[PDB]
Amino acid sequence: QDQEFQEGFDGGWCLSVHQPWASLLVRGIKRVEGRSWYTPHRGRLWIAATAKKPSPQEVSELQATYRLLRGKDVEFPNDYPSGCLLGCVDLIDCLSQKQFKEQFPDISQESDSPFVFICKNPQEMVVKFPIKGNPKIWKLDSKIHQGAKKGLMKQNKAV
């Protein structure tokens, strides 16, 4: 077998996430994503922002929460664009609450969900591609994926 080997390939898979959480994921400010379902997916996972347009107050209050969770001096993006492919993370593991609490006791407070997607290596594209989303973890159009792999990434500052 070769589990680590197969997961190292980028299969062009995507998760749709509402703003403001979507941009927080590709910036590394949000480092776990909770869901009520279990995924066997491991490795590269592209992040698309849905069509939702959060209000300025919603963004402001979520920023205040992530400052409390991550540190008072954490910096945030000026824009949380809707309806586009933002970048990617690497999905390291999909943990139950029990596993998340014992493996990550200092940060388990960051997700209360039945399953917790452990995200590493956040990358944000400079050019973001308009895209329609789908449920769960879904397959990017091949041409979109090809463009995303070629696309210039920002060197974001560490959180």
Contents of the next structure:
Number of protein chains: 2
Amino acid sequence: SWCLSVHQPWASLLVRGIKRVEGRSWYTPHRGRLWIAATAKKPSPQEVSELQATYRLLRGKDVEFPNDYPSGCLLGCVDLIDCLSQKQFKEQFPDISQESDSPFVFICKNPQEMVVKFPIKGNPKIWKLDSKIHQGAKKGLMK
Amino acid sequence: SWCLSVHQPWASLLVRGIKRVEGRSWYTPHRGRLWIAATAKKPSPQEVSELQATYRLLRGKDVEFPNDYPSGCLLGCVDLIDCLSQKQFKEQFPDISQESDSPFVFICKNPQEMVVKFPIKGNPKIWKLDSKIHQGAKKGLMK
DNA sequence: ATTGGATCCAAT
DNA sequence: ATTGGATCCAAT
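If the structure you just shared is the form deposited without the DNA, then what does the corresponding form deposited with the DNA bound look like?
Up next: the whole complex, starting with the chain shown before.
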């Protein structure tokens, strides 16, 4: 099983479905389930408030944000349906293409958030989950 | 007795007489003996080499530099003969006025270097020497 | 100044 | 990513 580390608060917005794409400077052929881990970098409470304000405008004034954006832990997963270039992204998702300017744009569907979030240390790019933590995360989803 | 903290390598150049003035953003009415302490900031060996190259050009190809520029210690003293404004400095010392652009310029004479340099922790601006270290420094000069 | 918490930086 | 050495920053 494969994982991507993402800075908070974006990491929790991805597993909640509020943020629908993730931009990177590199391509991956990976498709299917992609676990999402928060990096260790803690966001300032104003950074959280400004991002929350922006996503209310993009999604609707009553979007339900997570109460906490925990760092350094495994949060849940998405289905990585495509890794588009910025050109393909503008072509295929005109309504949200403004939401990432990155060279490659990861299209995420079916987000799932873990109720119990396990501590983890991440790596660059797409990296392989340890079996013991992946086993626990799979059993946490099926509850 | 009063002391001024100066970054190396300039601090040792002052007690050797190679550097003849010290520039600051503030004025002092202090005149007479002024002890010179090196700050704790260690200079890079290239910073020392570049400064040494400059002072050879200003003073003569055979100027004798100290072999070491020790940090965080009491180095010796000068006689502070005047604290000139930058305007007075240009008027009175035209041959060396290029050697400081500071708002106030401390004119130093009679430099004396201690053979044994005692560890010290400095302060901003002109500060009062502890009696025990000042007693030892005075006895070190008279040897 | 000195100090150490905050931030920057590079690992090969 | 994470890590910690290097550098920046502010103390009232």
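Residue numbers count along the first chain shown, from 1. What we label the rigid core is the largest C-alpha set whose atoms superpose within 1.5 Å from one form to the other.
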### Query
If you line up the core, how far does the Cα of residue 71 move between these two forms, in Å?
2.0
